[PDB]
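Student: Residues per chain, in single letters:
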Amino acid sequence: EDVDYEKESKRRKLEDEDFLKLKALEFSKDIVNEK
Amino acid sequence: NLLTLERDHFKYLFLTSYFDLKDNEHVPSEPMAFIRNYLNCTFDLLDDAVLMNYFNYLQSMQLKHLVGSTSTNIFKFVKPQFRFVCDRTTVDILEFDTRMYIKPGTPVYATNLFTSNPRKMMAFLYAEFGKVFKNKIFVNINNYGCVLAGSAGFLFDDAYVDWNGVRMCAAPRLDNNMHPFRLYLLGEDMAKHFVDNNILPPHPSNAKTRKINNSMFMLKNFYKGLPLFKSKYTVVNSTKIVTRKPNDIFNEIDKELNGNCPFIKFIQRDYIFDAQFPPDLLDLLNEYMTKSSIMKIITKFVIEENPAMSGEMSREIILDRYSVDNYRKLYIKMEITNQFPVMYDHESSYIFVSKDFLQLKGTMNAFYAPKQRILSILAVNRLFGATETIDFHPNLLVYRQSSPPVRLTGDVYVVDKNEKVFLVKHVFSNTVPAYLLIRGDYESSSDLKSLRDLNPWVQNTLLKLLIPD
Amino acid sequence: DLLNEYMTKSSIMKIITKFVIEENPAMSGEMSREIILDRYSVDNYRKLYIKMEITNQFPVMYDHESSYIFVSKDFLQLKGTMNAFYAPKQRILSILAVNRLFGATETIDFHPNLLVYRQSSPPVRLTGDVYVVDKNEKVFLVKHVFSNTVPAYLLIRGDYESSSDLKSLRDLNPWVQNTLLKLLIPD
Amino acid sequence: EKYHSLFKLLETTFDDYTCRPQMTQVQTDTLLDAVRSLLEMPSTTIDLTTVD
Amino acid sequence: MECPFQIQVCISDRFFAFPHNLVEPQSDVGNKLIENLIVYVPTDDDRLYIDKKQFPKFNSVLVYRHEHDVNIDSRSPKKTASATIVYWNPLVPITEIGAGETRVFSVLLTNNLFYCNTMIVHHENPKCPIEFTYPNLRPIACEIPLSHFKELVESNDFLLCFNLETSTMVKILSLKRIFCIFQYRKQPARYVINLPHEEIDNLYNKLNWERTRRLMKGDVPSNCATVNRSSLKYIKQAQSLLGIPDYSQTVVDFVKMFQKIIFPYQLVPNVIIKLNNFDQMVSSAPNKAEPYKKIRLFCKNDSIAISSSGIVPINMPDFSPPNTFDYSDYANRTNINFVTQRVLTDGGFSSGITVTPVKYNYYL
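These protein sequence lines are chains I, O, j, L and N, in that order.
PDB author numbering numbers the first residue of the first sequence as 460 and each following residue consecutively.
PDB author numbering numbers the first residue of the second sequence as 6 and each following residue consecutively.
PDB author numbering numbers the first residue of the third sequence as 288 and each following residue consecutively.
PDB author numbering numbers the first residue of the fourth sequence as 156 and each following residue consecutively.
So the fifth sequence is residues 1 to 135, 162 to 390, counted in PDB author numbering.
Read the hints as simulated data drawn from the structure, not as lab findings.
Please note that a few of the clues may not be correct.
Said to hold, decoys possible - Below are the BS3-like pairs computed for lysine-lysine, each with C-alpha atoms no more than 30 Å apart in a straight line:
#1 j:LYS305 - N:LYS243
#2 N:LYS326 - O:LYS225
#3 N:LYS282 - I:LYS469
#4 N:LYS79 - j:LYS301
#5 N:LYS259 - O:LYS366
#6 O:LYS270 - N:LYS78
#7 I:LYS494 - N:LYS57
#8 N:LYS385 - I:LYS482
#9 N:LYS57 - O:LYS108
#10 j:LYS366 - j:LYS454
#11 I:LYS466 - N:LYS202
#12 N:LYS78 - j:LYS296
#13 I:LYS472 - N:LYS282
#14 N:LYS78 - O:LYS136
#15 O:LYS225 - O:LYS235
#16 I:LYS472 - N:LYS78
#17 N:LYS326 - O:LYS469
#18 N:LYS212 - I:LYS469
#19 O:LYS366 - N:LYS320
#20 N:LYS326 - O:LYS301
#21 O:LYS260 - O:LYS229
#22 N:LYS53 - I:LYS480
#23 I:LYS469 - N:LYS127
#24 N:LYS127 - I:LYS472
#25 N:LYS176 - I:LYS472
#26 O:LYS125 - I:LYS472
#27 O:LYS469 - N:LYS385
#28 O:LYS260 - O:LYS237
#29 O:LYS296 - N:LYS385
#30 O:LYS235 - N:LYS326
#31 N:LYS243 - N:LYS319
#32 N:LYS202 - j:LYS430
#33 N:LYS262 - O:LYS425
#34 N:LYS78 - O:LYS108
As the list claims (entries may be wrong) - Some chain N residues judged to face chain j by a derived CB distance under 10 Å, without partners named:
#35 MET1
#36 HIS68
#37 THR110
#38 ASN111
#39 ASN112
#40 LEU113
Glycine is no exception: its CB is placed at the ideal position from the N, C-alpha and C atoms.
Kindly produce the complete structure, drawing on both the sequences and the hints.
Tutor: Right, here's the structure in full:
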């Protein structure tokens, strides 16, 4: 048993280290203008 | 019959209990046996009334941070036993050192409980806190334990812990404990609830088999456990002194250090301010010492040789305020194997003040002399024995008008190219490193030096002394 | 004593707050201690600290009822008025948007001479909704909010020119409208 | 008392003769200090001669 | 202020960008799921960063700029159940609530939100950006980061503006978002602001109160901040009086270097005491003149503590009124004057000499 959260908190830290990457997909030029 | 002991032996009782005894030989045999029983904690064997009397005697010896007490159950259930308030803690500059946030002025208690190891158990305390309150949001639970807006909370922490001192700066650890971490409690309602809870934790560490004491955790009543060890010194001669006058102490110090020994050791025991004490209790305490306690080495600003004044080594001579307010000067046979309070390596000695050298007000390690109109800074050592100070003023720094063909040798550090201020190395009696401030027309073999390239010790002093204010 | 242990859901109730100017950050975490006061006696009062609670019940109230603000001792309420007050240091008249005054012990009768017609300077400009109380007397009302949280309208009299976006008094709330209707005292 | 001392000194003038009292050196000095204090001046060289 | 029931607030630095995932259709009692969704935003430009298609679980999505009504102000906001409602980085009080618990997401704890049901999901950002000042450049738009984030990722020196008409709250919000997004970068960028800043120092005081409001429930982070103008000029003067190998050396380095001395000399560097002195309030407090705010400082396994007044017993106040007093026969005025005259004659000095006795608190 390890009731505490620090393991998952470290997981969050890793995820936040990844978090910036998604923005490129979020905002880069897009294949088509549907309109 | 219940095991019982006389009032007077409370001396031993407290001694052993509170300061983390190691030796057991020199306590009188029967009281020692009784104490052993008590440490075995078989409460049933001992009279309660004895205990209540002892506690009232402790109320007489009015230790400050005692938790108010009303029942013997303090010995038989988890309870707080000392009381504290959150100090300012209001600084941002350095790291939090995992000193988690507390609301300013939060009241605090220390438990009677110590554990070898966190994280194995605290789920139990979590369940208890779940009892204490039903609805909860966003508890700041952590490794150490419950936190919620500070407020209600608890944590394991080491014994001697300061509250709300602004740092935990690095220092070596001396001591060892089976159960290093006492629990501490935050939020008064928790302690209030525990007045009713009247409980002891389950102890599966011992299979819950009704064991008085447990492999991983242990109650102690008011155990502070400060370091201690027996005096063993080969006493040669002694004297006792009663006074409050500091200048008087310095006069005694001078009188003594007209003796030949280069240096004197001096100590102050730490606990002296804690409460009232029986003089007999002080007498017992004298034969033990605390390795953490503050100690100093001090010497005169040695000038020159009296050829007769030599060979004293056999005498080792030391002083301490064995009493809060009184002192017990001692001569002993010079010895190696005797042991003393721990001091960090390379610690500077102290130089006793000279009766014509004036410590700068609000400073250390620096002084001025009038007869030659000179300012002086110790390279390393720390002033001692001053009673009065002179504040710095720039007018003191009279620059010299001397004829231009000046010359100098050794390191020059320019202080101000404009005000023609400089610093140069010197050694008093070819033995004490120091630096000399100077101002005016002066010259060297070029070789300019940068303020960057110097000891922080002198540097901070200079930084204040410039007084850009 | 017996009656104290029951209560009547119809009874008068109010909440009152300070004119919360500013933040003392330490003034926090009190929530657990709810505070109550009532004249349990016809003429004697019970002050209570209680554990903060949800399920306890209190006299029924219409939705959206406005609590009151305790008087600021540096103002005066206006004679025979709610909803409005005056402050001398800045020579300013004030009317609450929706809130309700409490704790005044004395009022000044309004008189028109209180209304400094500041001759001011040829260039003036103002912004936001403005309501011409009187074209002729150069009287205007302007939206304002103290402490980002205290909606109110500011009366003024003077040059105080504004953006073109002049707005009709017809549009305003009945509460303030009636208050102004009296305070004008076209009498 | 830091008044009474001075007060007494000056009251002796009611004897009106120009005889000059002995300086009780210690107390006179402390008295001068008290004078300085009670005059609150920035230590502007208050002196025996001005007292005289 | 009253905080009405039925709201939850989420703080998260991620909320600097809209969390399109997290929202779910609210339903009233009776499972009356409300696929109508209205959102409010600080400004219509903010609408330009939301995709309707992210919400197949929804079927009806609309948004507006928030507006602070007057006529309908209430401690108890207007009720509605026809639509779920959301607010996102709101600046100003809200007057409408949908069916069920409404949720709102922001980076900034306003006073309005204090006594309210809140969740933070905070974490330590280890890295802090480095502030910079200069009398090579690249611009950054002050209004919006979103069209520039990659550049802030891909450079470490920047300068930032404002339009003169900007609302103060907008300034605060923009700055907060700016720093928050910086705190994930790996290289702490240099940055500067093109502003007179006199009030901006008080804006930093606002930031401090905000961090404290956070700390009321927060991560106890190793946050980075300072008083600027006074502290800055003092530190600059100090370094100039000392060797200046780098005019742009990080300020914290000097503190770090001075750390080496603290324990071995068991005493306080003067720099740290002039700090918490130049500070307006966390200080000797020029706001109030509070010299008694001495620091108590402590170290591992101490039986003792250190202060501006020197050694003290652990967990004790400054000094005991009863004492081994500074018995006044020593430091007697008379003796003091005696010695002072001796000194003066030895020096041949006219003026400017002053002296004082030493004193002790408990330890001596």
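Student: Determine for every hint whether it applies to the structure shown.
Tutor: Hint-by-hint comparison with the structure:
Only pairs whose Cα atoms come within 30 Å are accepted, and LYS305 of chain j paired with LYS243 of chain N is accepted, the gap being roughly 25 Å. The suggested pairing of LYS326 of chain N with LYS225 of chain O holds, with an alpha-carbon distance near 23 Å, which does not exceed 30 Å. Restraint check: the Cα-Cα separation between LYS282 of chain N and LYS469 of chain I comes to about 27 Å, which is no more than 30 Å; the hinted pair holds. In summary, the hint linking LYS79 of chain N to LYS301 of chain j is supported, as the alpha carbons are separated by about 22 Å, within the 30 Å threshold.
Restraint check for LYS259 of chain N and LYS366 of chain O: satisfied, since their Cα atoms lie roughly 26 Å apart, inside the 30 Å limit. For the proposed pair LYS270 of chain O and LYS78 of chain N, the alpha carbon gap of about 79 Å is over 30 Å, so the pair is violated. Distance check on the hinted pair: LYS494 of chain I and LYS57 of chain N sit about 23 Å apart at the alpha-carbon level, within 30 Å; holds. For the hint linking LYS385 of chain N to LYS482 of chain I, the alpha-carbon distance of about 63 Å lies beyond 30 Å, and the restraint is violated.
Between the alpha carbons of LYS57 of chain N and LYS108 of chain O the distance comes to roughly 43 Å, so the proposed pair goes past 30 Å and is violated. At roughly 29 Å between alpha-carbon atoms, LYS366 of chain j and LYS454 of chain j fall within 30 Å of each other, so this suggested pair holds. Using a Cα cut-off of 30 Å, the hinted pair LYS466 of chain I and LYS202 of chain N holds, with the two alpha carbons roughly 29 Å apart. For the suggested pair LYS78 of chain N and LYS296 of chain j, the alpha carbons sit about 24 Å apart, so the restraint of at most 30 Å is met.
Taken as a hint, the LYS472 of chain I and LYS282 of chain N pair is honoured in the structure, with Cα atoms around 27 Å apart against an allowance of 30 Å. Straight-line distance between C-alpha atoms of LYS78 of chain N and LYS136 of chain O comes to about 37 Å, which puts the hinted pair past the 30 Å bound. Restraint check: the Cα-Cα separation between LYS225 of chain O and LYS235 of chain O comes to about 23 Å, which is no more than 30 Å; the hinted pair holds. Restraint check for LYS472 of chain I and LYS78 of chain N: the C-alpha separation of about 40 Å exceeds 30 Å, so the hint is violated.
At roughly 28 Å between alpha-carbon atoms, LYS326 of chain N and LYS469 of chain O fall within 30 Å of each other, so this suggested pair holds. A threshold of 30 Å between alpha carbons decides the hint, and for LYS212 of chain N with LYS469 of chain I the separation of about 17 Å falls inside it, so the pair holds. With a CA separation close to 19 Å, the supplied pair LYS366 of chain O and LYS320 of chain N stays within the 30 Å bound. Restraint check: the Cα-Cα separation between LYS326 of chain N and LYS301 of chain O comes to about 20 Å, which is no more than 30 Å; the hinted pair holds.
A distance of roughly 39 Å separates the Cα atoms of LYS260 of chain O and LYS229 of chain O; the hinted pair therefore is violated under the 30 Å criterion. Proximity of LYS53 of chain N to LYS480 of chain I is assessed by CA-CA distance (about 22 Å); at most 30 Å being required, the pair is judged to hold. Distance restraint check for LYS469 of chain I and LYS127 of chain N: the Cα-Cα separation of roughly 15 Å lies within the 30 Å cut-off, and the hinted pair is therefore satisfied. Restraint check for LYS127 of chain N and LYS472 of chain I: the C-alpha separation of about 12 Å stays at or below 30 Å, so the hint holds.
Restraint check for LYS176 of chain N and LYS472 of chain I: the C-alpha separation of about 21 Å stays at or below 30 Å, so the hint holds. Our distance criterion of 30 Å between C-alpha atoms is met by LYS125 of chain O and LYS472 of chain I, whose separation comes to about 25 Å. The hinted pair formed by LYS469 of chain O and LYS385 of chain N meets the criterion: a straight-line CA distance of about 21 Å does not exceed 30 Å. A threshold of 30 Å between alpha carbons decides the hint, and for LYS260 of chain O with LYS237 of chain O the separation of about 27 Å falls inside it, so the pair holds.
Proximity of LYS296 of chain O to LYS385 of chain N is assessed by CA-CA distance (about 27 Å); at most 30 Å being required, the pair is judged to hold. At roughly 25 Å between alpha-carbon atoms, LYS235 of chain O and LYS326 of chain N fall within 30 Å of each other, so this suggested pair holds. With a C-alpha separation of about 25 Å, the suggested pairing of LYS243 of chain N with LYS319 of chain N holds against the 30 Å cut-off. Note on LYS202 of chain N and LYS430 of chain j: the hinted pairing holds, with a Cα-Cα distance of about 29 Å set against a maximum of 30 Å.
At roughly 22 Å between alpha-carbon atoms, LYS262 of chain N and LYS425 of chain O fall within 30 Å of each other, so this suggested pair holds. Between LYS78 of chain N and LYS108 of chain O, the direct Cα distance comes to roughly 36 Å. Violation of the 30 Å bound is thereby established for this hinted pair. The restraint placing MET1 of chain N at the interface with chain j holds, with a minimum CB-CB distance near 7 Å, inside the 10 Å limit. With its C-beta approaching chain j no nearer than about 8 Å, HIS68 of chain N sits inside the 10 Å limit, and its interface hint holds.
The restraint placing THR110 of chain N at the interface with chain j holds, with a minimum CB-CB distance near 8 Å, inside the 10 Å limit. A distance limit of 10 Å between C-beta atoms decides the matter here; for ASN111 of chain N the minimum to chain j is near 6 Å, and the interface restraint holds. Here the hint on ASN112 of chain N is kept, as its CB sits about 7 Å from the closest CB of chain j, short of 10 Å. The interface hint given for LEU113 of chain N is broken, as the beta carbon of that residue sits about 12 Å from the closest beta carbon of chain j, more than 10 Å.
Of the numbered hints stated above, those contradicted by the structure are hints 6, 8, 9, 14, 16, 21, 34 and 40, listed in ascending order.
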